[PDB]
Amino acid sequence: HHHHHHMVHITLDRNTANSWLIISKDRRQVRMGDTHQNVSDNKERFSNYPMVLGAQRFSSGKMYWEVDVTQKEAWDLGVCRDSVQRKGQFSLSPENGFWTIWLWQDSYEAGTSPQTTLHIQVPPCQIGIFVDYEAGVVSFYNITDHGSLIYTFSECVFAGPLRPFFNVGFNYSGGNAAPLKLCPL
């Protein structure tokens, strides 16, 4: 791919974070805390899952960013509608306003309904996310494997402003404490 030149500087929005997340001072890294992080509740915070949104909202153009997933066992990444449900249980699907991939139990899958098996020969340490708003495209790239394509959502019906979407995953195993990090341009 030649998407690097649409690179955008993403920062995390503290106010959207699940109350157990710890976001770094520079708002470029997030990890699961071992307890409630002593913040007030609000209608923006994801309640059920360890999720957080980027601060940036996109309604046009082409945008590209990279996320470090080194040594994580579980995570979700992609984009979502600004108006996604925050409270209670829900599935990650385009019908619910999410365009995502994930790792779970040693398999990678795209957040279609039902979910789609991904074919990744080189487990990624960094993921590139490309959004073309006008074309209705969200693509995912394996930066560890020379930028190889992972998955393309096409004919996307965004139906509103988009925000970068992150899930650090739970850490029941003690093997998933590592952060998500936004990689430098």
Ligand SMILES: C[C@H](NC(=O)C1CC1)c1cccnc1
Second form
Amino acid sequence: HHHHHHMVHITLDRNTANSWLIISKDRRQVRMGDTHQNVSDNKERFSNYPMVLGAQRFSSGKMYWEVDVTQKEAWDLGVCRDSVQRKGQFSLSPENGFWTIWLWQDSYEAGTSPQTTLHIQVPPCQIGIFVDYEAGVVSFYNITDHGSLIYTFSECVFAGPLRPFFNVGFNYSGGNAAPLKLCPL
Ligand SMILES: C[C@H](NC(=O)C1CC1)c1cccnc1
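Form deposited with this ligand bound structure, per the form deposited without this ligand context:
Entire complex below, previous chain first.
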């Protein structure tokens, strides 16, 4: 692809993090802690899942960023409305304000309702995410495979400001402790 010139410097917003996450000092890496991380509760925190938002809000333009997923067995990535539900159980869908892909149990899916099987021959170690606000597009690219297209959500109805969205996943297996990292420009 040719989206690299729309690169934006994303940072994680600690206040939105599930209370078990550890965000690095530079706000560019997030991972699940061993226990709870000794923060007060607030209405912004995701309660049920190991999720966090980027600090940046987008309401126009074209934006691009990259995320490192090396070693991980499970994660969700994409964008979401600033006003998505934080508490309780919910599915990742455009109806609920999410435009996401994921890895789970050795398969890659897009967060449509119902979910859509992705066809990935080269397991990605870094994912590129492109948003065109005006066009209503969110696209995902396999950086490990020369930028090949993974998935395009088109005809998106954002209906609000967008924030970068992350889920590091649970670590019941002991094989999913590695971080999500925002990769340098
Ligand atoms: C407490 C624990 N935390 C981790 O494993 C962190 C090191 C990644 C845990 C337990 C069960 C499911 N997910 C996570």
